[PDB]
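**Q** The chain contents come next:
Protein chains: 4
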Amino acid sequence: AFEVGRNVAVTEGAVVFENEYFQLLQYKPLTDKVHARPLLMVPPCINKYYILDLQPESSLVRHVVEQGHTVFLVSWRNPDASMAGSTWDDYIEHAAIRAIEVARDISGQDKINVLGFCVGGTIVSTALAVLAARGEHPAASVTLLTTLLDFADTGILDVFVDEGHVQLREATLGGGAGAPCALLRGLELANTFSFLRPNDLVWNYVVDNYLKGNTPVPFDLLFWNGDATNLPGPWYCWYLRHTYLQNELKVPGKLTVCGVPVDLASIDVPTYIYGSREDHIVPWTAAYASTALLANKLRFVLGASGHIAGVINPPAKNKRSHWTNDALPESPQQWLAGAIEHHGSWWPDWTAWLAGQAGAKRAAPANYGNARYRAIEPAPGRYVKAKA
Amino acid sequence: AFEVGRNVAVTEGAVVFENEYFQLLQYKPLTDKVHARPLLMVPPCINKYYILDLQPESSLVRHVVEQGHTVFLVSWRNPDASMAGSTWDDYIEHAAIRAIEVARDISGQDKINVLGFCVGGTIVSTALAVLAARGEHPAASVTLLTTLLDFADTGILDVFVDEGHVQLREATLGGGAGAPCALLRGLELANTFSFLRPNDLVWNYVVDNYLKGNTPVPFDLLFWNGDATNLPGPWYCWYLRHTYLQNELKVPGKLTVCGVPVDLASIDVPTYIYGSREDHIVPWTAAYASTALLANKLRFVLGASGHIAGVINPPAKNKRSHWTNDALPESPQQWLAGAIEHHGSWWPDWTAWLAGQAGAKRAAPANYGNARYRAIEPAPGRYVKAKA
Amino acid sequence: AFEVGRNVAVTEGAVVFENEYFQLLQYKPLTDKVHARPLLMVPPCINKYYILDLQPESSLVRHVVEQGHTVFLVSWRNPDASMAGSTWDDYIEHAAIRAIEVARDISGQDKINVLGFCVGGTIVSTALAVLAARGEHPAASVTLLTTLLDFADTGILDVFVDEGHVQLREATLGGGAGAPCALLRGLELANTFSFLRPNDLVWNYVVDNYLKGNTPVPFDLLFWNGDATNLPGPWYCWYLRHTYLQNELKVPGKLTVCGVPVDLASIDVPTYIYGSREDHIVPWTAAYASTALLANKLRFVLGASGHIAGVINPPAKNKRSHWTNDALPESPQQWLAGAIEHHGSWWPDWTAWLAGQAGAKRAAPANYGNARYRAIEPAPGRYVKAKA
Amino acid sequence: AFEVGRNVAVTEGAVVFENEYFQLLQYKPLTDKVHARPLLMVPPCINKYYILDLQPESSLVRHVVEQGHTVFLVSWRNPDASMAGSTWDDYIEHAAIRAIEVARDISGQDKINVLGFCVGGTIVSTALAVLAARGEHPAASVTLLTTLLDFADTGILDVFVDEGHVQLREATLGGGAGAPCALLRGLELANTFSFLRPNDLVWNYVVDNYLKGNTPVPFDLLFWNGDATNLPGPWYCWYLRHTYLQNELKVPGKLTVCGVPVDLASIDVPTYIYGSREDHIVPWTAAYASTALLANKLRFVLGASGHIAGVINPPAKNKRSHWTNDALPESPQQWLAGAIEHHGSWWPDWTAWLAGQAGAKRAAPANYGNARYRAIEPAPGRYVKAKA
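Residue numbers (the deposited numbering), protein chains in the order written: chain L, 202 to 589; chain S, 202 to 589; chain H, 202 to 589; chain A, 202 to 589.
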């Protein structure tokens, strides 16, 4: 039976910082030397971080640590009633930008590597764009795994498109500015698989039972997906309105966040973009659309299989395949037509790229954090253990 | 501002029967003569019946009444805490089969015409199959508007299909019988547009605001769609499990309902099947799949436009078009390739077909119901006014 | 029985110019006054021009003439053995650019309006971009009906995408420059409906017979589609290679044509872009992609129905509908979500826009052409009568 | 450089029978013992048989021979001017039924195993249905690799569906019986990849060059695909009309072939059905539709990848994966939802199934054929060497 901290999320480490929003974990080195620049991972806040450190055999964290990188990770607070009014901006400032600042401080480096996964990627991208408009450039590189930046054709609009009346007269839309997200208060249950689907006792019961008895969806995934998290009402409103519905984050300067316009092209650092071919949560062609929005040197890699199966594919198992193509045409079909299929995991491709941005190796740290930020408790930390 | 009984659902009539489950409405004639056989309409219980009698200009009820048919309609109870354990079977027996029995009794006819809309169609079809296995045949004809019988490719499965591990060994599924629907208790909020989507304060707020300001979705539709209904937990479990997930109602004899196996081919009466081309709630090709399951003489008609716009298209407005094809090949694309597009509403095509199954005209009734079932209160009735 | 010049392509006019490549037609006015700026129409060279002047009731030419515009039209030569080496560039220089020069000369105007249909649109766009790199700006406005500029996802690539080997090693593509189009010589039969499909005696026989007996595809369309044209081998090679396969015309400066790089954004004039919703030859979302490539004020309109049915929809018949939306988001689904459906033909919307770019009305000309270019023979001309 | 009989199609064997239509090859055993029942392979006549014996490393023939089965194979004649009037029936009687009779005669067995690939599968299925209506049952089992029986949604219809006029009146289709296939005479070039696409000098030149320089489509595939075959005009007409266009072979009794109605359910033998997931020539869901038409015990297996890459995946290379599911629901998506992904080639799954239908092992034959049918020349034979 799965248990966080006993047989799931067991990579050794410590919490080195915490605030209302999150706990920053730092993992124990597993090598004698490590790269100068550490990697900060920003996982999604829809479901918990541990999908990235699921079990020892399948852990991305462990794998990266074993390649000689110092890893820091944002373990999100499962929000309580005091955070029922927390906003998208609050998370960007007090968690994403904060985590970057703390990791950079502990590392002693001018620049760190950053990774985002799913909504984590959208969060980290936004945070870095906010930072760039402030004239700050704390990232050497960005890795976006299964991240949506351009939300075109995610399908939430579809059932409404053919409901308009046939007009015999000049007609105009309503055109109003929406009721502000700040007028809501609440905690709404969320999970990854059913994020755009019902979340109610009956649906959760019927679906969970059907999957277990009629499909080979793995138990570890069902465990993680079932360990729900609460989303603050204004946060959830903002995300739904400005990405899925209005698709504005990809329009340079359209949105204002934490006092500045968000222009994704302003992040401007080497960026590794990943998608999974059979992913219906983040269509691979939607992840690919990030290539049209970001500056600097980009690499796109496509992994075989599903949303979780494609991303969590450790090389030791020698399973699946991935595709690479150095050229980045506008159209994903054109990208694929030119791509070469390679056996196995895409992890080695990424860690090779990451090594290139991480500087020279030096002796590994013996302790966690620094004088300012000392160890608080062992990873995985108590925040990840909180029920929604 | 919309108000049920003041400017919506105003076709004149009376409640002639009521029980815990529903109120049966009977409409006042608008012609001197009417067909011998009346039509009973079974609307969906997801949202309220009035989408079928929306406003005088757009009312299907009014239109049918004006063609000389006596119309009875099932106005569903918005379930309360006493009905938090009501089942799919309870609804079939105590509402659908009951409504048929009461309408037949009042009419004095051996057979009546029946119409189902959306989930109403699935309900009425099930009820009639149950009746046929009991050796009872109360319907002269069936009309299925925007009804799913075969739920293949409705897409709820999609995000889970590519999550299985790659096996190097013989492997088998879990294969268990599911936890019974009867173990749940509850009332879950439901609406048509978001039935397979979230239903929560934030989603409802964000979506409603976005539609109003950025799309031409009509206000009358948004009113109806926003007037939610509660679904009993076991009912909701059954529907989700046996149709959308396991797609078993279309497998003859697979499901047992109200003590008998359900075989759709056992309904065996002339049947008019309708779908709307741009409908993403009930794909037209899914409605078309009913043609492969039902016996007797079938007609399929395809209306232009969306889920509501295509079905609620009164002929007076002279808008849109529909397609007809007497041949019924297995494949819907083959059906369409041979179909002729006709100007305007499909309503006249249907009412012409309906006239053919409804017998000879005779003088209209002066009063509602009969000695056994007298008028209780005026339509639209108090049940439809209850908030969820 | 259809016959070009007897009951098809009968709008009154004259050939005022001819060369190896085409005949320029000028139509007789049907109004006392006409706009200062005439419209030159460049139809496709795949099949013949007359789809635009099909029959009096269905003629776009006649309709535009009746709104008070002087219309000139390019009637393409059905190439003979002497033209088996004609190139894409030859057509741009000797036909498209030539037609513009002759129409401008006859009109006496500094600028003319231009329309392209299907491949005609791709041709005229290219010609105008070539002209703009030469510093010439002969067009006041451009109308692109059912035109592909960005050829992404037209599907010719699809059957080849999943044929690569799985590599266990670093691998690279072949990467070679293609064998030049100029090495081919030939005349290849072409038609619109089967342009990406077989064109052989058996296919043409089987398809034509099946359509006539099992579908409502109209006889006038089948006549036009069956009246094939020959494509010079190098022309056909260029078109297939640089648009459908490599999709390079949309990459600013990528292609060199008639000595200059082609940059579509350099046309820079008000542009009206049209697509038909159920068009599978030119997907409406592909026509919509033109909005991302062109400068100046753009309007996009979407007509209901098929490739020919949607475009050839004269207002007198009062059939179908079209959609308008002044906003031009990047994604076509977002455009549609905000669009208002309007009854009937889109023609009046376009001719209203066209009136705005065509200047003041003045008395209609009494004669064809001018001293330099006098009438040669009556429209439709002998070129359009030549068999392939 | 590829050459048939030198480094392609080199599995050792002999031609043991020939007629105007084909040469029957028999392969030399590579084991001391072989199953009692041999396997006859019927490859497509669109392109040549050798895709099934491509190179020693990638040969399906060699692999099956190495598992202990006697293999016979139909090597089709590349038709000449004398065969420009050959019909679908001629091929069924004089090649498919003939090959079965000759293989059965040489083997001395009451029943043989049969395999069809692509159009070969459609041919062999038809032949066996013809045989069953004659009361003959020469097959112990059937293997259908990448075979279309139900041709629904292959897309040839699509561009014509939305061209009908809007009718304000009762309207009817043309409804005529088609001009007979027997009125055509000719030899039409065909290849697998472009079977539903142009086949002309320019297309073949442009596509071949583009694939070589911009994609990883393998050279061996391009060689095979480029080695075209001629199709007799009536044969081609029949195939196109009755499968792709009218989809009649799947309607029991609809078509008459070689004097008898064709009912696929009459074949009635254990059948192994295979499809490739990313195949756009034979969609895997179209191959899956065979499960609804055939009697007896069926197995469906889905291989990963493309049309050729998925089927030609030898186990030694240890690449890709395949899916299995013993249950056969009507819907392919439901089949997939329950399927288990297995590492590597599907070949071992099939040869294990085939062993089960092939009887007891006995000593391998020392010679080819029998007294009636002796060796004529060495495999691959001269027929396969003929240019179109």
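There's no promise every hint is true.
Treat identical chains as interchangeable: a pair holds within one or across any two.
[Unchecked claim] Below 27 Å or equal to it, Euclidean Cα-Cα: the simulated DSSO-like pairs (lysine-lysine) are:
(1) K229 to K455
(2) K229 to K413
(3) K413 to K455
(4) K588 to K498
(5) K518 to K588
(6) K312 to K586
(7) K588 to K562
(8) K455 to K518
(9) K498 to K229
(10) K498 to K586
(11) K234 to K413
(12) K586 to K455
(13) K588 to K234
(14) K498 to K518
(15) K455 to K498
(16) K455 to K234
(17) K455 to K562
(18) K562 to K413
(19) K518 to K586
(20) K312 to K588
No lab work stands behind these hints: they were computed from the structure.
**Q** Can you give me the call for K498 and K518, within, between, both or neither, at a CA distance of at most 27 Å?
**A** neither (31 Å within a copy, 35 Å between copies)
**Q** Can you tell me if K413 and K455 fall within 27 Å by alpha carbon in one copy, between copies, both or neither?
**A** between (44 Å within a copy, 21 Å between copies)
**Q** Using 27 Å as the alpha carbon limit, work out where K498 and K586 are close: within a copy, between copies, both or neither.
**A** Neither. Shortest intra-copy (39 Å) and inter-copy (51 Å) distances fail the 27 Å Cα cut-off.
**Q** For the identical chains here, do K455 and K498 meet the 27 Å Cα criterion within one copy, between copies, both, or neither?
**A** Both, since 24 Å and 21 Å are each at most 27 Å.
**Q** Can you give me the call for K455 and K234, within, between, both or neither, at a CA distance of at most 27 Å?
**A** neither (44 Å within a copy, 48 Å between copies)
**Q** Please sort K518 with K586 into within, between, both or neither, judging by C-alpha distance up to 27 Å.
**A** Cα proximity of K518 and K586: none, with 29 Å in one copy and 45 Å across.
**Q** Between copies, within a copy, both or neither: which fits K518 and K588 at Cα up to 27 Å?
**A** Close neither inside one copy (32 Å) nor across copies (47 Å); limit 27 Å.
**Q** For the identical chains here, do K455 and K518 meet the 27 Å Cα criterion within one copy, between copies, both, or neither?
**A** neither (44 Å within a copy, 41 Å between copies)
**Q** Between the shortest in-copy and the shortest cross-copy C-alpha distance, which are at most 27 Å for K312 and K586: within, between, both, or neither?
**A** Cα proximity of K312 and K586: none, with 31 Å in one copy and 62 Å across.
**Q** With 27 Å as the alpha-carbon cut-off, assign the pair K229 and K413 to within, between, both or neither.
**A** neither (36 Å within a copy, 49 Å between copies)
**Q** Between the shortest in-copy and the shortest cross-copy C-alpha distance, which are at most 27 Å for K498 and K229: within, between, both, or neither?
**A** For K498 and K229, neither the intra-copy (31 Å) nor the inter-copy (57 Å) Cα distance is at most 27 Å.
**Q** From the Cα coordinates, with 27 Å as the cut-off, is the pair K455 and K562 best called within, between, both, or neither?
**A** Neither. Shortest intra-copy (41 Å) and inter-copy (43 Å) distances fail the 27 Å Cα cut-off.
Violated hints, listed in ascending order, are 1, 2, 4, 5, 6, 7, 8, 9, 10, 11, 12, 13, 14, 16, 17, 18, 19, 20; each of the other numbered hints is respected by the structure.
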